[PDB]
Amino acid sequence: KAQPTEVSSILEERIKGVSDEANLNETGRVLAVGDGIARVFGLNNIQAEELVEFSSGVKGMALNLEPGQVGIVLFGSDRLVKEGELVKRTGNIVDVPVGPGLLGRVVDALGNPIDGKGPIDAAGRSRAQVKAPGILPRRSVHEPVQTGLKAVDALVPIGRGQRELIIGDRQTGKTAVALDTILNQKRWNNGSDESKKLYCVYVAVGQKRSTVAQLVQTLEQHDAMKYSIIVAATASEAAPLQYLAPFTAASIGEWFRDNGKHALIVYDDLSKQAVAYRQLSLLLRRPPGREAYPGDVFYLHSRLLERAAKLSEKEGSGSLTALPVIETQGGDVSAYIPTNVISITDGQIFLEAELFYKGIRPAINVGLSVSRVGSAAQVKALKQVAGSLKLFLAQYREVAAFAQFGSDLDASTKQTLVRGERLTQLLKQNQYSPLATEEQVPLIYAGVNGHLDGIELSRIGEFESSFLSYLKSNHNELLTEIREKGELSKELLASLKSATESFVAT
Amino acid sequence: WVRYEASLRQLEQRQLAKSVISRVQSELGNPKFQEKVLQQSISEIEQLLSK
Amino acid sequence: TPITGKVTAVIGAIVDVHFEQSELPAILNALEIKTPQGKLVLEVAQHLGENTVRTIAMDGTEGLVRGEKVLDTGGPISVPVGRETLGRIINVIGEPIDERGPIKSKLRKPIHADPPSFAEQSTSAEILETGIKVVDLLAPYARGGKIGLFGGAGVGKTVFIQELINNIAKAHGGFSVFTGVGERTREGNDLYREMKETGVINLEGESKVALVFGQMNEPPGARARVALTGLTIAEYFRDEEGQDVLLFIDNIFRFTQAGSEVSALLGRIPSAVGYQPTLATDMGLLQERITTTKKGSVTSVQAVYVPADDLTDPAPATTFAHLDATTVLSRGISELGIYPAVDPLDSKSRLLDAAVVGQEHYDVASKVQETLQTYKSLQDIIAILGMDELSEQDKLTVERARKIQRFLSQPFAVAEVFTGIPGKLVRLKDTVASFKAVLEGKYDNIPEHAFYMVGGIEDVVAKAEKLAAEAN
Amino acid sequence: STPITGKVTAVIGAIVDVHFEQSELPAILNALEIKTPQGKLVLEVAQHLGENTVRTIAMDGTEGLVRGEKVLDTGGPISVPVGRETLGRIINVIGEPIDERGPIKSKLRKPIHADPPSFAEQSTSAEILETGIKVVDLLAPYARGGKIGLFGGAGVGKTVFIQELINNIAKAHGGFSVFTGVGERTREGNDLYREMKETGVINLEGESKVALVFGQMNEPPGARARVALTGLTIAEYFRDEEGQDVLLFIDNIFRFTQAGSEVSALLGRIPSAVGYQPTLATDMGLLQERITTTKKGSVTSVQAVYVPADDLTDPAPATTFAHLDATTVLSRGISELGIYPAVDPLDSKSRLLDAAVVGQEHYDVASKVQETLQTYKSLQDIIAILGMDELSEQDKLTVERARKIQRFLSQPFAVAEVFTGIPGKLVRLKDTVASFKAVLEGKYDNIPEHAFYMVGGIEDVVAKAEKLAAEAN
Amino acid sequence: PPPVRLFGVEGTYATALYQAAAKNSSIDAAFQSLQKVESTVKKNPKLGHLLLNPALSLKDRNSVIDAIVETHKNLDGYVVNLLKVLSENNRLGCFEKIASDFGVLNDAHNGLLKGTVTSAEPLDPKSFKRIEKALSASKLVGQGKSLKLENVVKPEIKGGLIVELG
Ligand SMILES: Nc1ncnc2c1ncn2[C@@H]1O[C@H](COP(=O)(O)OP(=O)(O)OP(=O)(O)O)[C@@H](O)[C@H]1O
Ligand SMILES: Nc1ncnc2c1ncn2[C@@H]1O[C@H](COP(=O)(O)OP(=O)(O)OP(=O)(O)O)[C@@H](O)[C@H]1O
Ligand SMILES: Nc1ncnc2c1ncn2[C@@H]1O[C@H](COP(=O)(O)OP(=O)(O)O)[C@@H](O)[C@H]1O
Ligand SMILES: [Mg+2]
Ligand SMILES: [Mg+2]
Ligand SMILES: [Mg+2]
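Residue numbers (our numbering), protein chains in the order written: chain S, 1 to 506; chain A, 1 to 51; chain L, 1 to 472; chain B, 1 to 473; chain Y, 1 to 166.
One chain only, chain S, in its complex shape:
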């Protein structure tokens, strides 16, 4: 491969050209280097949060601008840095490349191609700290995001521009719902209608490189990597890089949002973002706050999350949906960061290990799992046309509200008991198996007209699968009609009821 040799030759010649065009005199001198921190004497006119280059080749961000010497964090190890080293100034605030060539690639916090598939075609370069859209330049959420999870679709709706939190405990299924949504978006990501395209952008802050390798292998197996971008900040990387990565990914998604497209961001394990910020603030001798965390972690999370929004028609009616993930220690949602994030998001998706060990694979605590948007951002077929899909929330609350303390009194209580337990066994789903609205509607519609006559509990799963078969075969007209029009008309309600009762008699 001689071509990379002359490529490197011209690289080195422009390297010389760029290097010998500075004649800087404010280039500071390193006073002392700490654990990833370096105070430097110099840079009189340095901007805040501005990137720097060390003479060794390590980057740095200007956090503290106290008089005399400047607090510089390190994007990488303090391995190669010593005292008395000349520190080059970029002249610009920390930036990340943005563009459509990102799709199918894996990059780091800064944005360098780390997957090893060549350089990155970037259509632009946006800031890591950009202002959230104002009160007017936005529109309310109306278009629903189809997760493929029946418990996450018919019960806790999400849409373009909302902020749904996957709150839960360790290894409960927090990443599972996100990856399932990413796989589910493939149905419309393969078409031509751009108003229905949902490109996926995912952050990996703190997760080990093996986990992200398995994850990317997953998306490429199901052929979802072509519309997904992975930014990785493993625990091996320095705290500044982990702290910066989610902001860069937010800018990446905001590129699509401002260009009129629709995108989805998964803020996976935003807690280690907080601990990296803790390390940053403590190593900068910044006075800590509650339980050693920096004070402005609420502002940190607010500025990051509120960038996701649904734009109005004037600017292009783009969207950006935030999907953050927070892990809690022993189910303690009263913990500081869990409280901040539950107060910052537009609803939450609670997952707990107890229901997980009860058999419920999604482990969605419908008691606490709530969405600030209901009818809005929901497909109409899973709405008032189905009737009870307006009010299953009350039904699942009451069925839990009479388990043993509300002991069965009369036949109505027994009927509600059977209905509720059959439904809870029905809502079960398996990972790596996203579903579609056109076959959500029949299953839960059967949950109102004939569900207690299901063929015993251990065999309601193949009951739902056989119902799906009996509706995809010999009944494709119903599935189609409900999938393009998106709602159930009067004759369509009659046909659906007829089919449900026909298979009930079967």
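Bear in mind the hints are in silico, worked out from the structure with no lab data behind them.
A hint or two may mislead.
Result set (SDA-like, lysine to any residue): computed pairs, CA atoms no more than 25 Å apart in a straight line [to be verified]: (1) L/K34 to S/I460; (2) A/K32 to Y/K36; (3) S/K196 to S/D258; (4) A/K36 to S/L86; (5) Y/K97 to Y/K148; (6) A/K18 to Y/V152; (7) S/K131 to L/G60; (8) S/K261 to S/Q171; (9) S/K414 to B/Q394; (10) L/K436 to L/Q393; (11) S/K88 to Y/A16; (12) S/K59 to S/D95.
Simulated restraints, written as ranges between beta carbons of each label pair [what the hints assert, rightly or not]: (13) S/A401 to L/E370: 20 to 26 Å; (14) L/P110 to S/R290: 52 to 58 Å; (15) S/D223 to B/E241: 53 to 59 Å; (16) S/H222 to B/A120: 45 to 51 Å; (17) S/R290 to L/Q37: 32 to 38 Å; (18) S/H222 to B/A434: 30 to 36 Å; (19) S/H222 to A/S50: 40 to 46 Å.
Ideal placement from N, C-alpha and C gives every residue a C-beta, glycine not left out.
Could you slot chains A, L, B and Y with the ligands onto chain S? The hints should help.
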């Protein structure tokens, strides 16, 4: 036959890495270090004279 | 030539400016520096020494260098005040948010004033008819008073605020101002378009609500001063115009949170459980700036977010002393299905006495409160042991209290997206008579489900009859 | 070249400050040298303070350190012997052979501090390592290329579990193994050394398949925090240069973070939560990311963690949870219940437990076992106060089946037979899954629950029930 | 308005001395007297700077500062006030002397030893830092060659590293 070619790409860069070791070991045994200071002198003249 | 200073340190939101000239701007003076987009403004809080002042920035400190020219405005933040501010969206430093041009006005008042004197302290005994059963039966609201919506995250504070807006703010009230303090921008847009579609604000016409917004996206400094801007506009309407205004603050806890946010970097030793040592004094200043004077009346309804649904947290606990009719919302009854979620016991008001609401209303309220007390006292017996080992009176009280507690639920006009049931507004005497009838025992045969999500007792009768209907 | 020499200014516990001369500043994490009367005292550099002064960490005790003593710069990070010759030689945090078996004749010497192997990472999560222990094989299979949990408090039996693994895995495996042993009792190390000598894994005049690293609690905090990296360096040399399947073993990774917290306070950093070092996650990730499957080769690492005061929410265990796929908590309550191993089946958890990898039948069996065991925990409160007679018939059936199961999870160990009196036994995966499914189906409900204690397969339960009905009853 | 910022930390004494001189006069006489004082204190180091230890009482400090002012009262102007204030405050008097020298040289000299990629020592006796660096560098490269030793220059090594990284 594709990732073998891809591995062929990756391995080729790897011996180029040890080639630089052969290159850099050639860099340290020259009188150019004496000649290189003149390169800065002419370069730094061109630098500030631009200003 | 005004006083000119140089930027010396930029640590987070803290900006330190040295004024080489001996003359120094006092604290609470607004500062002006040239930023590429607009004009970043500062705020002197401490006089460090050696002609150096410590300032907090109302906007982000991104892009600042040490040595930037700083201009002294010579005064606090001036916010436009007047009838022309109605129907406009205003930032923390006065400039409009909505792209509708400059706010043409002739009065600019500082956002830092003094609370009215004791000789100016007024009094009130009027009852605000809200149409909500619970807050009209157990915690009546006083016109020209303080209303506190205590609750956690996801309990329904903002929904209650929107319902109170839709009910009271329309017609009833000379003017009203809504102040968004560290709150979701999506809900701010929701408020804005509901306001525009309802007609309370008319863009080619007269408006009735003034909107100032400081949300979570803004840095702490703006979140600590937007409430004061809203106070300034509300006080200007109350005093000069002699009008009865409706100050609608949301998430007042965010102001104290923003204060604790910059307390540590200011150089103050933290207080208990990580709050600013000066929270009580500053928040007392802010609250006592909210009062009904002899020049006009102000009716304040502000929601208080309790961190981790704890009522013993210093901020909500210290706010409790500033609120006349506290309406605390409880999570438990919220997941029990009663979405009004007003706690029948803990929510207490000062206006509840026989000398104002009438002897009969006081008796009904006391009896229903003690019945709920008795019910919750027996919860252990019912739950872990069993309900069958109770006396007949204990049981009868249990069913009566359950019927009452699910009768406290009411439809909300702004809850159709969630409930799907049309909202209901039940008048005072209607609620009193219905609950008196339920108390006496005239309506014991009706099943409990007919009391759920309903209006008056006539609606309960209709629901019971219709339940018998489809039950066949 | 000229020897870089300086003067010692401050000796603060285990922290030493050295002032150097014109442009003589050494590098971070670079070995220094003090000629002590006892021997060599190296001063690993931690931070730079300026004015030609550096803050260093001592790997040995700082006894007899006078201000102004001569220091010498090694010129690089701590160097340790690496190679097959290290097999059978017990070394230390610095690399000197502490087995007094002569000098080490290593051919290569590698730096202690390396970097993670980028994205040259394979992911072969399909190799279920047959352990033999019934509980782990079912609910949390151990991967051959993964990192193994072993959590638990004081005296919960984590070291015995490690000895069982070294007995069942190391013997029948093709590939070198390394035991680092961070901060454990020297008695345990001596027993482990002896046992590998008699077993034949290491022969003083033979092959030897284990490289023995050792840092106990007698070492100062710096050595206790560096010895893990020293052992990891040996593991890395064997995985790369030799291209073998390495089997890294430690005794306690919590001691590493504990020593980091020890040195952090005197290093001059603001304390983190519950008095830990601010650089907990970063340093622990640096330590545990170098240990990886590493495309040219593969590694299995049986980690071992101590929970402080039986707190699973402690920052160090909570942080190390995320860097492990197969975990084992070893709850104490199971220990006072007498079920040894004391692993909690409701918190063991592993990634490999998926129907595609372990099999549909195994997945269903494990799920039903989890349900049966979780119903018991759900009903515990009712049972504890009221009693089992207040439950329903289905609840009674489930609770008695759960009791039988949780008693059947116990298994004798070939290492702890002195503490049990029953010879150790091993059960294959196919046998234990079949036995558990048979018990779940209800085939064995007339059997007394006591018959499931200290047994292997279901046939052992049948035999024990036969004896119990024969003479006991 | 002093030309440079010493940012306090024991350096504010030098700035105060310079401001006191600048308010009326004697920018040079006080500084040369202070230079003579430092020469005297370094003349007898075992009695010079060991006496600046903090285990030395206040009236001991008064005695030593009175002992400093001899040899025709070389301490001229406000430097005696500096000795007094150092008696009842922080003792050792070397660092702030260097800070004051740095300040006065910025007032009169403006010399910095730049060279960027070149590790030269080109002190520049001129307040205009525009082209005099060219003459300084030319003189220091034509003769002397004090160190001028980059060992290895950064661009080639860093470029090779980034190229081999891809
Ligand atoms: N629907 C499902 N069906 C089967 N297994 C599931 C399902 N959802 C989750 N799991 C399993 O639960 C475990 C945890 O799920 P997941 O990978 O989403 O982790 P997580 O909750 O995000 O946790 P972590 O924070 O540790 O990454 C895995 O073993 C996964 O296989
Ligand atoms: N399988 C077993 N059978 C019998 N006894 C056992 C078994 N496993 C552990 N024990 C007992 O548990 C106790 C503690 O054993 P061990 O030394 O392994 O504890 P540990 O948790 O590793 O300790 P530490 O916290 O001190 O490192 C001993 O009394 C030992 O006999
Ligand atoms: N009266 C009500 N009817 C229906 N839903 C309600 C009602 N009150 C609260 N909710 C539910 O509670 C959720 C949170 O309400 P919100 O006021 O945003 O929370 P907070 O009280 O924390 O501000 C909403 O998404 C809504 O669905
Ligand atoms: Mg996960
Ligand atoms: Mg709210
Ligand atoms: Mg042990």
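The hints, checked one at a time:
A hinted pair counts as satisfied when its Cα atoms are at most 25 Å apart, and L/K34 with S/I460 does not qualify at roughly 68 Å. About 47 Å separates the Cα atoms of A/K32 and Y/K36, which puts this hinted pair outside 25 Å; it is violated. Distance hint between S/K196 and S/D258 is fulfilled; the C-alpha atoms sit about 16 Å from each other, no more than 25 Å. Note on A/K36 and S/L86: the hinted pairing holds, with a Cα-Cα distance of about 21 Å set against a maximum of 25 Å.
A hinted pair counts as satisfied when its Cα atoms are at most 25 Å apart, and Y/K97 with Y/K148 does not qualify at roughly 30 Å. In summary, the hint linking A/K18 to Y/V152 is supported, as the alpha carbons are separated by about 19 Å, within the 25 Å threshold. A hinted pair counts as satisfied when its Cα atoms are at most 25 Å apart, and S/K131 with L/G60 qualifies at roughly 9 Å. A threshold of 25 Å between alpha carbons decides the hint, and for S/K261 with S/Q171 the separation of about 33 Å lies outside it, so the pair is violated.
For the proposed pair S/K414 and B/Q394, the alpha carbon gap of about 17 Å is at most 25 Å, so the pair holds. Restraint check for L/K436 and L/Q393: the C-alpha separation of about 18 Å stays at or below 25 Å, so the hint holds. Between the alpha carbons of S/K88 and Y/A16 the distance comes to roughly 34 Å, so the proposed pair goes past 25 Å and is violated. Only pairs whose Cα atoms come within 25 Å are accepted, and S/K59 paired with S/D95 is accepted, the gap being roughly 12 Å.
Checked against the given bound of 20 to 26 Å, the beta carbons of S/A401 and L/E370, roughly 25 Å apart, stay inside it. A hinted range of 52 to 58 Å for the beta carbons of L/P110 and S/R290 is inconsistent with their spacing of about 33 Å. Between S/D223 and B/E241 the CB atoms are about 39 Å apart, so this pair departs from the stated range of 53 to 59 Å. At roughly 24 Å, the beta-carbon separation of S/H222 and B/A120 lies outside the given 45 to 51 Å, and the hint is violated.
Against the hinted window of 32 to 38 Å, the Cβ-Cβ separation of S/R290 and L/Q37 comes to about 34 Å, which satisfies the hint. Between S/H222 and B/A434 the beta carbons are some 34 Å apart, a value that agrees with the proposed interval 30 to 36 Å. For S/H222 and A/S50, the hinted distance range of 40 to 46 Å is not satisfied, since their beta carbons lie about 56 Å from each other.
The structure is inconsistent with the numbered hints 1, 2, 5, 8, 11, 14, 15, 16, 19, although it conforms to all the rest.
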